[PDB]
Structures are given as structure tokens and as C-alpha cells.
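All protein chains of the complex are present and in place, except for one that has been dropped.
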Amino acid sequence: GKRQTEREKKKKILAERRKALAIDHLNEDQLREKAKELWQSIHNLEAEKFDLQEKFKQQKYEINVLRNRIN
Amino acid sequence: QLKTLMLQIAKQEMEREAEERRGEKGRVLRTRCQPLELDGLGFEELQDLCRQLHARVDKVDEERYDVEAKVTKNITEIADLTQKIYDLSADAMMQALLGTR
Partner (left out) sequence: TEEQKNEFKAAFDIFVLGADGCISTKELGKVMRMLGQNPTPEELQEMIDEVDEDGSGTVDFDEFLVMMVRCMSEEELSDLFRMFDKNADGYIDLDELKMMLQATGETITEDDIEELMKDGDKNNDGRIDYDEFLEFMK
């Protein structure tokens, strides 16, 4: 039903966002920089995750207020 | 004027707790994403680290997606409930028209 469409959509979106790691020509110095780049990516993704978690909490508050107003 | 300024400082009053979600955030990121230790890793070790980090990128993106999906569903609910709640120059003109006058 709705679950297998949500799942295939998730797989599809994550696939489209994935970058190809090509490191085979890089020397030691380039690899250290490549590692720093990947670390920064992880950081930025964690930062976005944190913003979404904060939004989620404000949304639950807003929804509760809306439900009270309706009642 | 006084009312406008009043509804100004009563924000000044909240700058104060934005100001806290920022020393906050500091540090949830504190790790979840911790600093790299690169000193003393040889060539092979660096190749493996790059692969490890790239794999982590995938995992974190998946976790972000999951939270994002919940946020998206909340937006749909907020939009629906919001619909429901009330359901139940003179200068130039003056020179031209009047001249010296």
C-alpha cells in the first residue's frame, strides 16, 4: 500500500543525492583533504538534521494549539 | 510610537533564547560529528578512512531524510488544521502645474 511507495521514494531520493567517491589517483595529501571534505559534508548534514528536529518540536506545539482551537 | 517600541524590546526579550539554541547547537554537533584524527595515518589508512567517511555520509543522509519526512507530514497536517480553524512626485507636479507660484 502506502508503505512500499514511501520506501521506494526514499531509496530513489537518497540514490539521486549520493556522490561517487573516486580516490584512486589521489596522493596522501589529497586524501587528507578528501577526508576533511567528507567530514564537512557529515557536519553539514548533521546541522540540517538538528534544524529539522527543532522544527519538528515547534510543529508539535503548533499542531497542539490548532487542535485546541478547533475543539 | 511607544506601542511599536514595546512590541520591539518584547523581542529583544527573546534574542535572549535564540542566543541559547546557538551555544546549544555548538555542541550537539559537538560530535554526532567529532573532529578527524589524521596524524600518523599512512596512505592505505587514508584510503580506508575516505571510504569509511563516505559510508557515514550515506547513513547520516538517511537519518536526515527520516526526520525530514516527519516534518513534511506535519506541514500537511498544519495546512489542513489551519483551513479547518475559521470553519467551525507632488514636487514635480506642483512645478509643472503652478510654475513660479
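Order of writing sets the labels: A and B. Residues in every chain begin at 1.
Just so we're on the same page, a residue touches a chain if its C-beta (ideal position, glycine included) is under 8 Å from a C-beta of that chain, and two chains touch if they have at least 3 such contacts.
Among A:4, A:5, A:27 or A:68, which residue is in touch with the absent chain?
Counting the whole complex, the residue in contact with the absent chain is A:68.
Identify the residues of chain A touching the omitted chain, counting contacts across the whole complex.
Residue positions of chain A that touch the missing chain: 61, 64-65, 68-69, 71.
Since one chain isn't shown, list which residues of chain B touch it in the complete complex.
Residues 1, 6, 85-86, 89-91, 93-94 of chain B touch the chain that is not shown.
Note that only the chains that are shown with their structure count from here on.
Can you check how far apart chain A and chain B are, centre to centre, with Cα atoms defining each centre and the answer in Å?
Once rounded, the distance between the two centres reads 14 Å.
Within their complex, state which residues of chain B touch chain A.
Listed in rising order, the residues of chain B that touch chain A are 21, 25, 28-29, 32-33, 35-36, 38, 42-43, 46-47, 49-51, 53-54, 56-58, 60-65, 67-71, 74-75, 77-78, 81-82, 84-85, 88.
Would you tell me which residues of chain A are touching chain B in their complex?
Against chain B, chain A makes touches at 6, 10, 13-14, 17-19, 21, 23, 27-28, 31-32, 34-36, 38-39, 41-43, 45-50, 52-56, 59-60, 62-63, 66-67, 69-70.
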